[PDB]
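What follows is each chain in one-letter form.
Protein chains: 2
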Amino acid sequence: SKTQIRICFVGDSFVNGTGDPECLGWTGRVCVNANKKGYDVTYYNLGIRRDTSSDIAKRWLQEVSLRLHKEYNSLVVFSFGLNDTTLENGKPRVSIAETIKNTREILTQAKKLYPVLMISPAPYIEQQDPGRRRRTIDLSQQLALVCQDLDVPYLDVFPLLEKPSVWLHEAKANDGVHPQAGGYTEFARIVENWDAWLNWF
Amino acid sequence: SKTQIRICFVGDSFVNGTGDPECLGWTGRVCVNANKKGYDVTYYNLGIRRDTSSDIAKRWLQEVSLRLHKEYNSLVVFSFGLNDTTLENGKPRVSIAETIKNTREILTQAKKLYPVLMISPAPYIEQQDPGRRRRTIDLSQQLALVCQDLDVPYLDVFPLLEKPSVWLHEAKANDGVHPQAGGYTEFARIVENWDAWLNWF
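Top line first, the protein sequences correspond to chains A and B.
The opening position of the first sequence corresponds to residue 1 in our numbering, with each subsequent residue numbered one higher.
The opening position of the second sequence corresponds to residue 1 in our numbering, with each subsequent residue numbered one higher.
Take the hints with a grain of salt, since some may be wrong.
Intra- or inter-copy, both count: the list cannot distinguish identical chains.
When the alpha-carbon atoms are kept at most 30 Å apart in a straight line, the in silico DSS-like pairs for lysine-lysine are as follows [as the list claims (entries may be wrong)]:
| # | residue 1 | residue 2 |
| --- | --- | --- |
| 1 | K111 | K172 |
| 2 | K58 | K111 |
| 3 | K163 | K111 |
| 4 | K58 | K70 |
| 5 | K2 | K163 |
The set of hints was computed from the structure by calculation and includes no laboratory data.
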């Protein structure tokens, strides 16, 4: 009889798995993997398309609180930042200073209640914004630092999903942004080889 | 280039797909099907283990409102009632009169904002409560009546998931309650042949 684990994945469209025709994304595939290691996983996907760190800051505690409880093994995984970096009227939807402040507030709170992990944003080539890559690398480095200071494991998937990874090829043959089964499978395989993920399961 | 549809599935552990080792449940499988009909489906699973109609009444609008919007094609699907019927200290967690009042309040509100469908509870054999089947049939008939009066399509899956359906066999070889891939596949196939589902897609 298997050990029950409940996991909430909180984030944006990459956490939701938008673009995957198999409707799993990376979050679904890593839960399937955990099930093959003899766990009985309750999978709660709390990704919402277009969410920034400010949107997640506002909703995450009320949604996660209804799903996870101290009487069962629980884990919360956060992944966001791509939408913070988006320029609207030439200005980022959330400034890097605000993103960092949100991330600290979210993680400080989560750390007190639940086991927590965080994953970096993934590659996205936006033709009208070539500066997006650099701003995303800058953000991810800052997120890594916040996580370091709070002893929350942080997985940088960004470099492993650039070429020759199939991620961007799939995204561009779909809607420009979201990859399909191949890309989400590569993302999952990275997560599965992460020491913090392994050393928790 | 495919038509985008966003769907929220709101309910309990059967909506979450608890027990499915493929991490899709029935909700995932019907979204996969809709994708093969040429839609691009954004799948939001808002099932929570143990939820009653009273729990859903309290949370659904705030969660769904963040996910669905009048500017995209949207659908909300509700399925609940199994946990209402559960006896605790010899009394149902929610009385049938309260369940009906909750269902009316939920659907009256949803009907104003979104396309809405509702699905009945599924079979569950509980050894210390043989009266559960009859109370669940009584409830489902009342839910059907509420839906009739509000012009919300209601799918009774209950009889088609009793024997010789594999649903209960799988549940009993798992944790007593939740079936596995075979059972959730049978549930999905019922939903896929439902006129309201077909005539909406």
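Hint check results:
For the homomeric pair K111 and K172, neither the shortest alpha-carbon distance inside one copy (37 Å) nor that between copies (37 Å) is at most 30 Å. Within a single copy, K58 and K111 get their C-alpha atoms as close as 17 Å, and across copies as close as 27 Å, so both meet the 30 Å cut-off. Taking the shortest alpha-carbon separations for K163 and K111, neither the intra-copy value of 34 Å nor the inter-copy value of 47 Å comes in at or below 30 Å. Proximity of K58 to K70 under the C-alpha cut-off of 30 Å is found in both arrangements, the shortest distances being 22 Å within a copy and 22 Å between copies.
Within a single copy, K2 and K163 get their C-alpha atoms only as close as 39 Å, which misses the 30 Å cut-off; across copies the closest is 27 Å, which meets it.
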